Each structure stands twice: as structure tokens, then as C-alpha cells.
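J.: Residue strings, one per chain:
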Amino acid sequence: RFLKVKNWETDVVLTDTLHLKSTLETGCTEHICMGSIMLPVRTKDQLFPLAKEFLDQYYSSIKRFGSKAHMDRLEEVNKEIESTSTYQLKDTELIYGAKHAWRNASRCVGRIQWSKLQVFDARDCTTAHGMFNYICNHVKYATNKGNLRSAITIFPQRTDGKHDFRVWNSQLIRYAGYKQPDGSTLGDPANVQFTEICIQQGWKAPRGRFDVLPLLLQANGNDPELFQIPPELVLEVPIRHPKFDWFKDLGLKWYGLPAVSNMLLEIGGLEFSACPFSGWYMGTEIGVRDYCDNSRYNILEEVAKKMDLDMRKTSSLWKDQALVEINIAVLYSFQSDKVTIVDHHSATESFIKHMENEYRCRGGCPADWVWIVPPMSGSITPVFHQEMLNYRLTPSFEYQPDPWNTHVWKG
Amino acid sequence: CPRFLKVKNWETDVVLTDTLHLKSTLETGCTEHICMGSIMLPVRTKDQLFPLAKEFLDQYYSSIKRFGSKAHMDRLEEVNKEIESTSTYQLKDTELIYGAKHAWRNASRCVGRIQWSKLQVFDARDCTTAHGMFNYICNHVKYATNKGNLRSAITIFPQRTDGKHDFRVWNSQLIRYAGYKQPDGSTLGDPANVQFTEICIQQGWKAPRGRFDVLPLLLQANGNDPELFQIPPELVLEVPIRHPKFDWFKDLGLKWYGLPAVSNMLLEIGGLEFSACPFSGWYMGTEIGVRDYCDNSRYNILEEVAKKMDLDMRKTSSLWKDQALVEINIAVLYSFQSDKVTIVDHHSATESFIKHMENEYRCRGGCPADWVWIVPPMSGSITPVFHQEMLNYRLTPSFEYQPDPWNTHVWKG
Ligand code: HEM
Ligand code: HEM
Ligand SMILES: C[C@H](O)[C@H](O)[C@H]1CNc2nc(N)[nH]c(=O)c2N1
Ligand SMILES: C[C@H](O)[C@H](O)[C@H]1CNc2nc(N)[nH]c(=O)c2N1
Ligand SMILES: N=C(NO)NCCC[C@H](N)C(=O)O
Ligand SMILES: N=C(NO)NCCC[C@H](N)C(=O)O
Ligand SMILES: [Zn+2]
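Residue numbers (PDB author numbering), protein chains in the order written: chain A, 299 to 338, 348 to 718; chain B, 297 to 338, 348 to 718.
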């Protein structure tokens, strides 16, 4: 019930007590560990304990636990749930709640930054055009000419579940994917389906390798509409290598702003179905995953060939050599254009420090080791050697179904 | 518990269905509210033993297509009588073999399990003394080594009786290098083995105090105090490590041994406990090139290698550590291959593991696997295992951790 975690490199032991505050399920049981599975409206009665759980932590955090201000608020919210079946967060509660969803994000290595989050309150939004305006402002604010700043933009909460706000895009900025008669895929194969939805809805696709996709925005449960982010708001970086002059001829670019837009933010039982957020990239995200996953841009072979490595045998480690070089190029390119990026060494040692702070001041830090350890050079990063406990704390970011599987089209 | 559990591979969209987990019996360290997936380490009664014996022998008899047979029923009767009368029982040779193979088949942290049915089992249950254990262990090493053409094997010493007469190998592996803490706080040799090296010295080993000294065997028989033995050097196959392009690599002075032989685990078969059960396969290169050489708390050669490569070491973002890592790993695979000693690279091993795992789902209904251990410690996502969802659970027979015997031994003196 009080749990120890060991770092096997430093022999440091931390004691976790925060896990006892954990509320929802992990996926696992006593008999079966599901640590590596990617994916393992509320009635009045459901809502009040959740509202209360949240307000208590809020009031505790501002050192007014058990105060009249505290008691006053619980009653006010109580009355409001009873009368209107939902409630509205104060701005202070909204900001605290968003910062804490990030703080509690077990899969995010960058949480040392958690309290420096710009929160844009878009709860007054009513239309998809409004949503477009809001999202452009977020993109421009967070991009900040390459000196990126963390931000989240929060659209109105779910009500009856028939008036949901949604960003159909999985990130605000991503590249199109197109199935070819050639049998192959042009662009990013992760986005084939979504691209096709855009086309069905009217988009005129350029049909290139790196077409920034349009926004498909859904307000108040209505049908989604298309918008193009002003090109001048989308900062992109051409990818070159500091030693290989041929690298630029591969014709690779990526975007500077990673902005997850398909998750659900839960605060105090309230569900914010449209809550796009952004920080900045860890290099491996692009260089290892986006570029080298076989089901993504899958570029290892092309690169290995230009390096003229021995590709006849796996044991020459040609894949490993090429992987490192692709990742060097990513970091060098972002750095040279002054676009914020963090390498996996820097990011993981910051995370270990954050864990130690969180253990010290909070009693723990939920972490998913499977996601936190980078997808290259794992054991030469400190997090590989760190035992971590994964559990679910609220406020939280949650996965939610892709809206086209569920949207009841009006036509 | 749900009858069916699905696992998906996110590279291929292949979905597999696990039913085998229903035969899982012991616990994980996980609860409904906590996942302890990344945590390293989270005598029996007559009553406790009957059912464990029974479960096992039903599995054994089922596997040989003789389930429910008179032979099956006689054998159950015989074991039941043996347990009631003697408090324990003895396995038949065929059952010991099947047992050991299955402990390997069920080892969720082993990526080499495509090999599980090809295992040489050495029955050392007639062993009574530490000199006897030395001789069994020498034979295992020579057989397994096979002049570089490595053969998987296990040597099984007598099972636990009352817990006061345990056979133990005090070494963590049959072959490993000494570590020596210096008065200045540096370590000469392998820091992982500093504690065991001090024990050996105390027991009377005359340490050469070099960087790669093969440790002596420290063997406990029948609950007696451990005794020291030197493995004949002619039996210890080692590989000097060089790089195919960097002729300075050899002057690092690195080598390693060819035979990885875990010697400190406990093998459970039908409720019986084999506390001494050294087993060996062959190396996947990363064990040596990533962990043994490059962990900060092991040989820690990254800086020295990067220095000789003249990488830019002022900023992590040059990925100099990463670049040196790959070159060290090329060198390990190249050196072993050049000397004709079996080694597998992490690409080939993981590809084979995924093939093995698919086959096990079809023919067996499952394959328990611990992702944290199965994914290699470099280049994780360019191996297929990274993209494969895994279910980790405990099947018996099993290999299990046990405390270090120096923490528990009652010294006779
Ligand atoms: C500030 C710099 C940040 C860095 C360096 C960072 C780093 C990362 C990385 C490397 C991942 C793994 C993503 C993947 O593998 O696809 C991740 C996931 C995640 N992060 Fe962050 N992050 C940052 C900002 C944020 C912010 C601002 C939030 C929320 C406001 C956040 C919440 C999350 C969540 C909820 C996940 C899991 C997403 C999923 O399951 O797909 N992160 N983070
Ligand atoms: C034949 C070639 C083999 C290969 C390539 C192989 C591969 C591996 C690797 C890479 C690990 C992780 C070790 C570490 O990170 O320290 C491992 C662990 C393990 N393997 Fe194997 N193995 C082989 C043979 C065997 C055999 C013959 C057995 C038993 C008969 C076995 C049972 C185990 C067990 C119980 C573990 C967990 C060890 C621990 O928890 O410290 N392996 N294997
Ligand atoms: C199956 C397994 O969960 C999957 O491949 C995971 C592995 N760890 C991850 N880690 C991060 N950061 N991002 C991911 O997408 C993955 N995917
Ligand atoms: C804390 C974490 O479990 C620990 O460092 C693990 C990680 N995965 C591993 N994987 C393998 N194969 N071998 C190990 O020793 C480790 N150690
Ligand atoms: N660093 C972040 N967010 O701030 N990553 C968000 C997910 C991005 C996704 N991994 C990609 O490579 O596009
Ligand atoms: N492949 C095996 N056995 O066959 N590994 C056993 C553990 C070896 C340990 N990882 C080492 O590097 O010494
Ligand atoms: Zn688990």
C-alpha cells in the first residue's frame, strides 16, 4: 500500500503514496499485466462526487481547505448540478485543472514544464469559424517565431453529448496521406483515412508528400467544416545533415508545432472534448517514429543506401547507423533554424529530476515506462533504469473515439 | 476473467487472441489500480504440493497425448502416495526434461524462446557434494560451448527438501568477471560483481586484480558452506573485441566470454523447487554491447569510445553517445562472428521472437511476454517487438528469482 521504486543505476529509492489517490482502472489485474497495450454523459449522481473530489484538491492547493470559501463553493456547485444537471468551472479552477491534467499525464516525458502552460479559455465559442479563429491564435501564440511556448485552448464542455465540440484532426498540424494505384502510399500513411474524409467533404488535395492538412472543425454537435490554417502560421523546417550534403536531396521537412487535438480533458467530472494542446518536440518523435516506422514515412532504406552501408546483413547494424544519422539531422536542422526542440538525453534527465521533485513535494509521479523510455538508445537514457508506477489521476487527458465513427451526420 | 484477450501489432494491424492467460495462477504485482510493469523484483506443505503436482502431471500427460490413461492415473496415484509418505516426490526423467523446457517456454522475459524445444537437460540429481557440482558444471560448459558452436543446456541439481539442505550456485552466472572497489572509489573490472568478488576473496580466492578476471565458482551442496573452484581456463571461451573499420578499437583492451550462463535462478516444476539450475544459451549482442559495456554502472566505455571517434561531445544533441553505441555494437557482433562463436543481433532475434509468438498464439492460445524486457536497449522502435502489444502472466513450470544465498545462508563454519 506504500510502494517503493528503485533506480537501478543510482540505487535511489523513492516511496510512492500518491497512487492511493488513484481512482480509475489501469487495465491490468492481479493475474495479467497489460502495461504495453496502447488502449486497454455523467448523471447528477456521478457528477457531484467528481466535482467535490476536484474542488477539494483545488482548495487544498491554495491552502484554503475546509474554509468557508471552500464550503461555499461546494454548495454552490451542488445547487447548480441539481438545478442544471451540470456546472461551470471558475477561470481559476479551469487553469488549475488543465495544468494538472498535464501534471498527471503518465505518458508525457516533458512534464517538468507542467506549471508553465498558457490556458486559452474558449468556452464562449459557438461556431466552427470561431474555432478556426481560436486555433489560429493558439498556433501563432505557441509557435512564437520558433521560440515555442506551451498552450492549450479549451472549447465548451460536453452537455447532452449531442452538441459536442470536436477537432476531427488528430493534431492541428499534420501531413496528408494518399493511397496510390501504384499500391503505395504518398505522404503520411497515418493520415490516409482522415485525408479521405477531408476530400469527401470538399477539400482539394494538392497530392504531394507533405501537404499540411486542413482543419475539420465541429461546433455544438453540428457537421464539421473545413478551414486552411494560414500557411504563414505553419512553421516548417527543411531537414539537412551537418556532414552529409546529400541529405537535403531526400526532400524532407517537418513542422515545428506538435499539437495533439483529438483527446478529451476531464476536470471535476466535466468533459472537454475539444482541447488541443501543444509543447515542443523531442527529436526522436520525428526522427525515429515519424520518419522510420515502417508504417510511416519509412525512410531507413533510402537513407542507408545514400550512406552506402552494407545492407546485405542485419548484423552490420546498417539500420542503427542510419537511424542515428537521421536523428542527428533532425536536431541540427531545428536548432539551426532556431525552432525549439529537445533531444532524448536532455528530455529524459529533465524527467528524472521532475520525478524526484514530484516524489518530494507530492508523494509520487505516475509514469508509463513503455511510453517514457525513448524509441532509440533506451538504456543510455536514465529513465530506462528507473522503476515507475503507472496509475490514473484526475484531472486527466483521455483518449476518445474518432468522431466519424460516431457522428450522426445531418446532411 | 474474460475468456478472450486481444493483442494488436500496430505496424501490421495483426490481432491475436489470448486464452492461455486463463491457466495463469500466480500474481503479477499489478492491481486494478496500479501497473507495476517496469518493476524489476516485485518450504512447501503436503497439502500445498498435491495440487501443484497434479496440475503439472495433467499438463505433462496431456502433452504426450496420454491424458486420462491408466499410465496417467497410476502416476498420479504413485505421486500422491509418495507425497503423503515422504512429504515430497521425485520427478521421472522424462518429466524433468519436459519441465525444464517449459520453464523456458513460459519465461516471459526471454526473447530467445523460439529455441525452447531444443534444450539439453543434464540431470544432476544424484549430486551430493560441491566437488561433484564443479564436475557437472565443467561438463555443461564444455558441452554448451562446443568450440564456439553454442548449444543450449541446463544442469539440474537436487531439489529443495527442508530448506536447510539447499544446493546453490553463488555465482550469478557460471562465467563472469570480477569487480574490485578501489580505495579512491573507482572500480576495476565489472562493478556488477564487486559484492560477490569480495566474498570470493574472503573465502580464499587469490584475485589477479585485473579488468577481466574470470571469477571462481562458489558452490554450495546439501546446505553446507560453499566451496571455491577455478573453472579450467581451457574451458572458458573468450572473444577479443575489435571493430571492422576502426583499427584503434582493439587497443581499448576489451574482450568478453562467449557463454552466457545464468546460475542464480530457481526452477519450479510440479511444486518442486530446484534452487541450483544453471542454464545457458547464446548472447544477443546488445546484452554485451549496450548493457555490459555502456551502462554507467558497468564497464561504462561510452566516453572513451566517443573520444577516440572524435565525436562532438560538448552537447548531447550531437548524439555522440548514440553514435558510439552503434559502433561498439557493430564491434561485438563482428568480433564474435569472426571467431565463429554463436551470437544473434537484435534485429534477427526480435524478428524470430515475433514469429515464435504468433505460432504460440495459434498452437497454444498464448505467449506470456514482458515488453519492458523483450524490447532491446538500443534502437527499440526499429525492431518489430516495440510495435507488438504483449500480455505478461505467470505460467508454471517457471524460472523465478531467489535471494542471494549470502543473505540467507546459515554458516556451519
Ligand atoms: C513542453 C514540452 C513537451 C514535451 C517535450 C513533451 C513530450 C512528450 C512526448 C515525447 C510524448 C510521447 C508522444 C508520442 O509518443 O506520441 C508525450 C505525450 C503526451 N503528452 Fe507531452 N510533451 C510536452 C508538452 C505537453 C503538454 C503541453 C501537454 C498537455 C497540456 C502534454 C500532455 C501529453 C499527453 C496527454 C501525452 C500522451 C498523448 C498520447 O497518449 O498520444 N504534453 N509528451
Ligand atoms: C538460446 C539463446 C537465448 C537467447 C538469445 C536468449 C535471450 C535472452 C535475453 C536477451 C534475455 C534478457 C537478459 C538480460 O537482459 O539480462 C533473456 C532472459 C532470460 N532468458 Fe533467455 N535466451 C536464450 C536462452 C535461454 C535459455 C536456454 C533459457 C532457459 C533454459 C532462458 C531463460 C531466460 C530467463 C529465465 C530470462 C530472465 C533472466 C532474468 O530475469 O534475469 N534463456 N534471454
Ligand atoms: C505496443 C506498444 O504499446 C506501442 O508500440 C507503444 C510503445 N511505446 C510508445 N512510446 C511512445 N512514446 N509513443 C508510442 O506511440 C509508443 N507506442
Ligand atoms: C526499471 C527497468 O525495469 C529496468 O531498468 C529493466 C528495463 N528492461 C530490461 N530489459 C532487459 N532485457 N534486461 C534488463 O535488465 C532490463 N532492466
Ligand atoms: N512533444 C509533443 N507534444 O508537445 N508531442 C505530441 C505528439 C507528437 C507526435 N509524437 C509526432 O511525432 O507528431
Ligand atoms: N542470452 C542469455 N542467456 O542465453 N543471457 C543471459 C543473461 C546475460 C547477461 N545479460 C549478460 O549480458 O551477461
Ligand atoms: Zn501491469
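Be careful, since some hints might not be right.
[Stated by the list, open to error] Cβ pair distances, simulated, as ranges: (1) B:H329 <-> A:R667: 51 to 59 Å; (2) B:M378 <-> A:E307: 37 to 45 Å; (3) A:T399 <-> B:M614: 24 to 32 Å; (4) A:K613 <-> B:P545: 29 to 37 Å; (5) A:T315 <-> B:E323: 19 to 27 Å; (6) A:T399 <-> B:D489: 50 to 58 Å; (7) B:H329 <-> A:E656: 24 to 32 Å; (8) B:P545 <-> A:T315: 48 to 56 Å.
Everything labelled a hint here was simulated from the structure, so no lab data went into it.
Using N, Cα and C, we set each Cβ at its ideal position, and we do this for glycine too.
J.: Compare the structure with each hint and give your call.
T.: Hints versus structure:
The given range of 51 to 59 Å is broken by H329 (chain B) and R667 (chain A), whose C-beta atoms sit roughly 23 Å from each other. Remark: the range hint 37 to 45 Å for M378 (chain B) to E307 (chain A) is contradicted by a beta-carbon distance near 54 Å. Our hint of 24 to 32 Å for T399 (chain A) and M614 (chain B) is violated, since their Cβ atoms are close to 54 Å apart. One distance hint, 29 to 37 Å for the beta-carbon pair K613 (chain A) and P545 (chain B), holds here, with the actual separation near 33 Å.
With their beta carbons about 22 Å apart, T315 (chain A) and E323 (chain B) fall inside the hinted range of 19 to 27 Å. With their beta carbons about 55 Å apart, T399 (chain A) and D489 (chain B) fall inside the hinted range of 50 to 58 Å. With their beta carbons about 29 Å apart, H329 (chain B) and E656 (chain A) fall inside the hinted range of 24 to 32 Å. Take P545 (chain B) and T315 (chain A): their Cβ atoms lie about 51 Å apart, and the range 48 to 56 Å holds.
In this structure, the hints that do not hold are numbers 1, 2 and 3, in rising order.
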